[PDB]
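Asks: Here are the chains, one letter per residue:
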Amino acid sequence: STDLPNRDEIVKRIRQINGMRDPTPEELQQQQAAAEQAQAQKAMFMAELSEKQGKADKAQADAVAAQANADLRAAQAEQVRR
Amino acid sequence: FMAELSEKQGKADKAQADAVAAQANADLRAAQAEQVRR
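Which chain is which? The protein sequence lines are c and Y, in order.
For the first sequence, the positions run 587 to 608, 614 to 673 when PDB author numbering is used.
Under PDB author numbering, the first residue of the second sequence is numbered 636, with each subsequent residue one higher.
If you are wondering where the hints come from, they were derived from the structure by calculation, not from laboratory data.
If a hint is listed, it holds; no wrong ones were tucked in.
Think about it this way: if two alpha-carbon atoms lie no more than 27 Å apart in a straight line, the pair counts; the simulated DSSO-like pairs of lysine-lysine are:
#	chain 1	residue 1	chain 2	residue 2
1	c	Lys633	Y	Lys646
2	c	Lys643	c	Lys633
3	c	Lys646	Y	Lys646
4	c	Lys649	Y	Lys643
5	c	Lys649	Y	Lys646
6	c	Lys646	c	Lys633
7	c	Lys649	c	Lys633
8	Y	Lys649	c	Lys649
9	c	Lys646	Y	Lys643
10	c	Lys633	Y	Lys649
11	Y	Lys649	c	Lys643
12	Y	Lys649	c	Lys646
13	c	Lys643	Y	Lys643
14	Y	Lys643	c	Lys633
15	Y	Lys646	c	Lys643
Pairwise CB distance ranges, derived in the manner of DEER restraints:
#	chain 1	residue 1	chain 2	residue 2	range
16	Y	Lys646	c	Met606	39 to 49 Å
17	Y	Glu642	c	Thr615	32 to 42 Å
18	Y	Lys649	c	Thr615	37 to 47 Å
19	Y	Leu663	c	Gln620	52 to 62 Å
20	Y	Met637	c	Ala661	39 to 49 Å
21	c	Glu618	Y	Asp662	55 to 65 Å
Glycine residues also receive a C-beta, built at the ideal position from the N, C-alpha and C atoms.
Please construct the entire structure, taking both the sequences and the accompanying hints into account.
Replies: Below you can see the structure in the form of structure tokens.
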């Protein structure tokens with residue numbers, strides 16, 4: 587609004603530091624940056640969730656393997672005793 | 636970021652395949668116990 591000696595450059599710089607509007616190239620760059628950041632965050636969250644689920648599955652299957660090894664050891668002991 | 640994502644995905648795949656290997660080893664141990672019992 588104000589009558590600065592050089593207004594357009596100052597206005598566009600304050601738009602840069604603020605990031606809002608009211614220019615197509617700046618809008619395109621900002622949209623691309625936001626989309627890339629959102630995609631990276633979503634991919635990282637998905638990878639972390641997949642890692643956690645895989646760790647849970649590994650622990651459960653390790654439990655199954657331990658139980659089966661226990662059964663095998665018990666059977667071997669029973670056979671050896673007899 | 637790509638390297639970190641690849642590392643996380645590969646760790647998840649490794650854990651899942653370790654789960655599969657543990658399940659198969661459990662099946663093998665159960666089969667061995669069944670064979671020994673008879």
